[PDB]
Amino acid sequence: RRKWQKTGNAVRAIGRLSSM
Amino acid sequence: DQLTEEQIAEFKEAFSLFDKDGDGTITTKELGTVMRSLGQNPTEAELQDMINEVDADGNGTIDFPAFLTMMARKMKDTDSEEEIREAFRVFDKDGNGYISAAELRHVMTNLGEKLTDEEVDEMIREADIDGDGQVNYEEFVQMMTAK
Ligand SMILES: [Ca+2]
Ligand SMILES: [Ca+2]
Ligand SMILES: [Ca+2]
Ligand SMILES: [Ca+2]
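Those protein sequence lines, which keep their order, are chains B and A.
Here the first sequence is numbered in the authors' numbering, starting from 1 and rising by one per residue.
Here the second sequence is numbered in the authors' numbering, starting from 2 and rising by one per residue.
Note that these hints are calculated values from the structure, not bench results.
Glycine included, each C-beta is placed from N, C-alpha and C at the ideal position.
Do not rely on the hints blindly, as some may be mistaken.
[Said to hold, decoys possible] Using 25 Å as the maximum straight-line C-alpha spacing, the simulated DMTMM-like pairs for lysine to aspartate or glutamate come out as follows:
1. B:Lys6 <-> A:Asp2
2. A:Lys115 <-> A:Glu104
3. B:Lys6 <-> A:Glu140
4. A:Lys94 <-> A:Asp78
5. B:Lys3 <-> A:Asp64
6. A:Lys77 <-> A:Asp131
7. A:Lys30 <-> A:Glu7
8. A:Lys94 <-> A:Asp122
9. B:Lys3 <-> A:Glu45
10. B:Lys6 <-> A:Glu120
11. B:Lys3 <-> A:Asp58
12. B:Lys3 <-> A:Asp50
13. A:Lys94 <-> A:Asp64
14. B:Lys3 <-> A:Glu104
15. A:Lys77 <-> A:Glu140
16. B:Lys3 <-> A:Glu14
17. A:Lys21 <-> A:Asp78
18. B:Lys3 <-> A:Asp133
19. A:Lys148 <-> A:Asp95
20. A:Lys94 <-> A:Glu54
21. A:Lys13 <-> A:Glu114
22. B:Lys6 <-> A:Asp131
23. A:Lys148 <-> A:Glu45
24. B:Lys3 <-> A:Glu114
25. B:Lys6 <-> A:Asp95
26. B:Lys6 <-> A:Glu54
27. B:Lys3 <-> A:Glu83
28. B:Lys3 <-> A:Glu31
29. A:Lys94 <-> A:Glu104
30. B:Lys3 <-> A:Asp22
31. B:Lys3 <-> A:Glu120
32. B:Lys6 <-> A:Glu139
33. A:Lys94 <-> A:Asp129
34. B:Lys3 <-> A:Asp2
35. B:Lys3 <-> A:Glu7
36. A:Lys30 <-> A:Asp2
37. A:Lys21 <-> A:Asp2
[Claimed, not checked] Far from chain B by the CB rule (all over 10 Å, computed), these chain A residues:
38. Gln3
39. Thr26
40. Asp58
I would like the entire structure built from these sequences, with the hints used as guidance.
Now the structure itself:
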């Protein structure tokens with residue numbers, strides 16, 4: 001899951017920075 | 002769930018996708034480039050406002066410790082659906098509801114990941130749980146919401 005996890009974490013990071 | 006070495010290593014890999022010049026900090030420029038690769042076009046103010054909300058040392062950039070705190074934190078109300086949906090649309094450029102190997106490779110190259118054919122194929126295989134050769138929206142969600 002390495003490449004999917006990185007991409008997901010990038011999307012997660014953007015979502016959290018926006019919300020926070 | 003508790004913070005693990007394996008998670009810290011995943012978080013560092015994600016930080017590195019933003020820190021494109023490899024200088025140890027994420028600037029407004031770097032954040033915006035990744036957001037545009039993932040289907041958004043943030044304003045200059047949205048970028049500075051996102052960074053300031055995780056920059057206690059006030060240098061106007063995100064360092065790894067602040068990124069790590071952000072990604073590890075127990076956090077609830079998030080617009081994760083919106084973000085995942087827009088990301089799905091940038092992969093699925095022809096709008097047919099399925100992400101192909103070609104579409105996947107296009108976006109991974111834009112994120113800075115020059116995947117080999119073996120890697121592209123393995124990415125599709127991991128996500129393609131229904132076995133039809135292509136990644137639908139539900140399959141995409143499973144890969145993007147993995148903890
Ligand atoms: Ca940097
Ligand atoms: Ca900082
Ligand atoms: Ca498609
Ligand atoms: Ca499928």
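We went through each hint and held it up to the structure:
no.	hint	verdict
1	B:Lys6 <-> A:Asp2	holds (19 Å)
2	A:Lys115 <-> A:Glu104	holds (13 Å)
3	B:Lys6 <-> A:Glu140	holds (16 Å)
4	A:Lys94 <-> A:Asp78	violated (29 Å)
5	B:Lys3 <-> A:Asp64	holds (22 Å)
6	A:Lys77 <-> A:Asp131	violated (30 Å)
7	A:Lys30 <-> A:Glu7	violated (29 Å)
8	A:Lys94 <-> A:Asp122	holds (19 Å)
9	B:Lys3 <-> A:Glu45	violated (29 Å)
10	B:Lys6 <-> A:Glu120	holds (14 Å)
11	B:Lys3 <-> A:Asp58	violated (31 Å)
12	B:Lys3 <-> A:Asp50	violated (29 Å)
13	A:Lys94 <-> A:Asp64	violated (33 Å)
14	B:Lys3 <-> A:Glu104	holds (15 Å)
15	A:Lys77 <-> A:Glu140	holds (23 Å)
16	B:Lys3 <-> A:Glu14	holds (10 Å)
17	A:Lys21 <-> A:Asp78	violated (29 Å)
18	B:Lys3 <-> A:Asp133	holds (20 Å)
19	A:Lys148 <-> A:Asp95	violated (29 Å)
20	A:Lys94 <-> A:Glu54	violated (32 Å)
21	A:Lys13 <-> A:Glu114	holds (15 Å)
22	B:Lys6 <-> A:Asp131	holds (23 Å)
23	A:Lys148 <-> A:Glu45	violated (31 Å)
24	B:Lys3 <-> A:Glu114	holds (9 Å)
25	B:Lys6 <-> A:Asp95	holds (24 Å)
26	B:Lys6 <-> A:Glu54	holds (22 Å)
27	B:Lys3 <-> A:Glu83	holds (21 Å)
28	B:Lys3 <-> A:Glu31	holds (20 Å)
29	A:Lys94 <-> A:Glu104	holds (7 Å)
30	B:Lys3 <-> A:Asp22	holds (20 Å)
31	B:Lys3 <-> A:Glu120	holds (9 Å)
32	B:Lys6 <-> A:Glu139	holds (18 Å)
33	A:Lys94 <-> A:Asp129	holds (18 Å)
34	B:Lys3 <-> A:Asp2	holds (22 Å)
35	B:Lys3 <-> A:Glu7	holds (14 Å)
36	A:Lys30 <-> A:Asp2	violated (34 Å)
37	A:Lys21 <-> A:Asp2	violated (30 Å)
38	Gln3	holds (18 Å)
39	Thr26	holds (14 Å)
40	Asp58	holds (16 Å)
The structure shown violates the earlier hints numbered 4, 6, 7, 9, 11, 12, 13, 17, 19, 20, 23, 36, 37.
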